[PDB]
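Position chain B with the ligands relative to chain A; hints supplied.
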Amino acid sequence: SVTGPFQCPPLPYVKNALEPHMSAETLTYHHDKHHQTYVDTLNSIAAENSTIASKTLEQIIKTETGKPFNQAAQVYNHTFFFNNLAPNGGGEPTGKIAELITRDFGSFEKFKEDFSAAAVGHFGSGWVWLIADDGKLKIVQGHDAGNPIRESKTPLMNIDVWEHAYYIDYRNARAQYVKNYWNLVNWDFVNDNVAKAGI
Amino acid sequence: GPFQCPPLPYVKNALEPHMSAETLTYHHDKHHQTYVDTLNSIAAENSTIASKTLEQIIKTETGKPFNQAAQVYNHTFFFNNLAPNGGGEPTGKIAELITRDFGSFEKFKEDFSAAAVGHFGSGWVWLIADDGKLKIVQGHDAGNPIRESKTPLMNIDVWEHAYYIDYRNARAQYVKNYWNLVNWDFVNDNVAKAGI
Ligand SMILES: [Fe+3]
Ligand SMILES: [Fe+3]
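Chains as they are written, first to last, in the deposited numbering: chain A, 2 to 53, 55 to 201; chain B, 5 to 56, 58 to 201.
There could be a bad hint or two in this list.
[Unchecked claim] Quick list of simulated restraints, FRET-style, between CB atoms:
(1) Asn90(B) - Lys16(A): 39 to 49 Å
(2) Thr52(A) - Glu60(B): 44 to 54 Å
(3) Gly5(B) - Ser45(A): 12 to 22 Å
(4) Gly5(B) - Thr52(A): 52 to 62 Å
(5) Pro13(B) - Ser109(A): 28 to 38 Å
(6) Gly5(B) - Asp116(A): 25 to 35 Å
(7) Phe125(B) - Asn185(A): 22 to 32 Å
(8) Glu49(B) - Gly68(A): 31 to 41 Å
Derived from the structure by calculation, the hints contain no laboratory data. Note that CB positions come from ideal geometry on N, CA and C, so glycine has one too.
In isolation and in its complexed conformation, chain A is listed as follows:
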């Protein structure tokens, strides 16, 4: 009844809050089944590995291998993903990311083209990330649980392209899912990530 030590943070919005772009049924399975289960399994390992209980998700991402890495990475990836969406989100970015997007991709339209193409093209399960590398914006793909924190890097935005993220709502139409993700982006969260990094 006291389970831990890792926890699955609650969604920052109610289940129907992202409709029609992402369904309540999707949020329920994706968060309450997939996300929560990754945390449960990690905890199972933590119970028998005091080294893995002593480490932050980020330290496990940087330092672990195999299943423990995959689990910690996935727990972080989903928390970041769900934080990265919002009921009053979407549309063109404002504030500092808007400036940096212009700086590094020329325009939001071009950034949107690049990021969508990466997300639509990723073969198999994975993630697409907007990262700040050494103060510079870059789009990187993470196959399976791949997370750029393992390298030097700072995540700013992501999209989950594992099939479970969209199959209930879009079946195999990943491109339609990616299109709809732009209506959901939480630019306030993205801008907080910018602010926290030096950039």
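Relative to chain A, chain B with the ligands alone:
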């Protein structure tokens, strides 16, 4: 052309309740067909790829062309690996080889299931003949043991699209129902052709 998506070996609801008509429609009419289409589009621009068999591309190709050719084969194999009136205990040569190489069908079932439930991300679990020996091997993403000149006998798709409509996140329920569908005739045919 040059590549084609073979029709399903049975009508869309033939596998219910284990696998739904809706799953067969999406998996075959959408995923499988689209792999073929995309490979065909690459073939129109790539005379080398257009010159090759699917198995030649699986053995020697790279990048996107490999992934597509392998997925075309993998899905044809998989849909052939299922049958209405399949399932149950194997008979014939495969039954003998499984007892030989795993001790019992039950032990093989355990091993194969654990591999399929265990596979992280998108992939395939194969039963293979390797110099006449049965082995279980995992193919991540489009991985196919023909690339290592091994002979495929059985497979299961553990890409989420294979089960999500019918089982959502419950992959282990999908894997258990798969045993009710296995087309042992197809598996024995593969055994016969391999000469093992
Ligand atoms: Fe996910
Ligand atoms: Fe498939």
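A quick look at each hint next to the structure:
1. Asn90(B) - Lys16(A): 39 to 49 Å: Once the Cβ atoms are compared, 42 Å apart, the range 39 to 49 Å for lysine 16(A) and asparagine 90(B) holds.
2. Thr52(A) - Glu60(B): 44 to 54 Å: holds, 46 Å
3. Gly5(B) - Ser45(A): 12 to 22 Å: Given about 51 Å between the Cβ atoms, the range is violated.
4. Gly5(B) - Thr52(A): 52 to 62 Å: Taking Cβ atoms as reference, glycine 5(B) and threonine 52(A) lie about 56 Å apart, which means the hint holds.
5. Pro13(B) - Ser109(A): 28 to 38 Å: violated, 50 Å
6. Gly5(B) - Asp116(A): 25 to 35 Å: Holds, since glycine 5(B) and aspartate 116(A) (Cβ atoms, about 34 Å apart) stay within the stated range.
7. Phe125(B) - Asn185(A): 22 to 32 Å: holds, 30 Å
8. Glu49(B) - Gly68(A): 31 to 41 Å: holds, 39 Å
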